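Just one chain follows, in the form deposited without the ligand, and it is written as structure tokens.
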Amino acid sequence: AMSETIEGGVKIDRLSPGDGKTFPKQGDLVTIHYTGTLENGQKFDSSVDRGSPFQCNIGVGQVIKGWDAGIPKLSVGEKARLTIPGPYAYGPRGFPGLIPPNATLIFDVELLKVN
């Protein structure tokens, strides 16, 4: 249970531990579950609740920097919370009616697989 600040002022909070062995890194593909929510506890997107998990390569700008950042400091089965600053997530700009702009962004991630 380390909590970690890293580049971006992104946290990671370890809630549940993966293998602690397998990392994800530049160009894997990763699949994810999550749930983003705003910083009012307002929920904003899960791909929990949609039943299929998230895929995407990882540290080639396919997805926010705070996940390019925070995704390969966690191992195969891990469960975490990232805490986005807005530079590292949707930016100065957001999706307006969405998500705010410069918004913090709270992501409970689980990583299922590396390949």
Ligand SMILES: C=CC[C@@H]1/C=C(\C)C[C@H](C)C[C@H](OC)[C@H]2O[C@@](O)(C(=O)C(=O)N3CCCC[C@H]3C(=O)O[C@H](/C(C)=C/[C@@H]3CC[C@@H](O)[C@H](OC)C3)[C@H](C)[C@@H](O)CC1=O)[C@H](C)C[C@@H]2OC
The other form holds:
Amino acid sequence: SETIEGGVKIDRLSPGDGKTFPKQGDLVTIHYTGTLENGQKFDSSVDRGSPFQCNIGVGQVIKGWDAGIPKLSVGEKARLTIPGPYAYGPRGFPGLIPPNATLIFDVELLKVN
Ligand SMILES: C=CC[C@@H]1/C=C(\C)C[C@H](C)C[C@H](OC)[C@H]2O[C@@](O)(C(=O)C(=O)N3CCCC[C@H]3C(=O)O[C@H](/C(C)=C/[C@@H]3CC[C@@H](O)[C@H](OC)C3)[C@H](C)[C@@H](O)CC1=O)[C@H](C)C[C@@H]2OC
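So that was the form deposited without the ligand. Now I'd like the form deposited with the ligand bound, please.
Shown next: the complete complex, the earlier chain at its head.
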């Protein structure tokens, strides 16, 4: 496991092109599944049939995504394990994320613009 900013962990699952990495502000297209530590799924873009898009590195998303996504290359699949302070902190998110939760995201980087 690689330990990056905040103590977020990356487990590399299957490789990308090893050369096309997102830079600050780039639009990324990602499919994800999010689970709690006990393995209980809370959300998935795959279940919606629509990949998620954001600009990375600008605070649109939780800190653990801004930390982890730039370390992936196009096509890569990885698991991000994100401690509470890099996710939803003491507050959580109603109906989905308890207080102080470590979150697990399986992510696939589909495209970079
Ligand atoms: C503008 C309102 C609706 C708007 C909703 C969308 C565009 C649809 C988009 C697919 C979100 C999902 O909708 C099905 C759903 O995704 C989750 O299930 C989820 O897996 C998740 O954790 N994601 C989504 C994928 C990127 C990482 C993370 C996130 O960073 O999400 C971001 C997030 C909530 C950041 C908060 C912002 C407030 C801060 O206080 C907090 O700081 C701790 C962090 C999302 C993208 C926001 O930028 C935009 C929105 O909220 C959340 C558990 C709840 C969230 O629904 C709300």
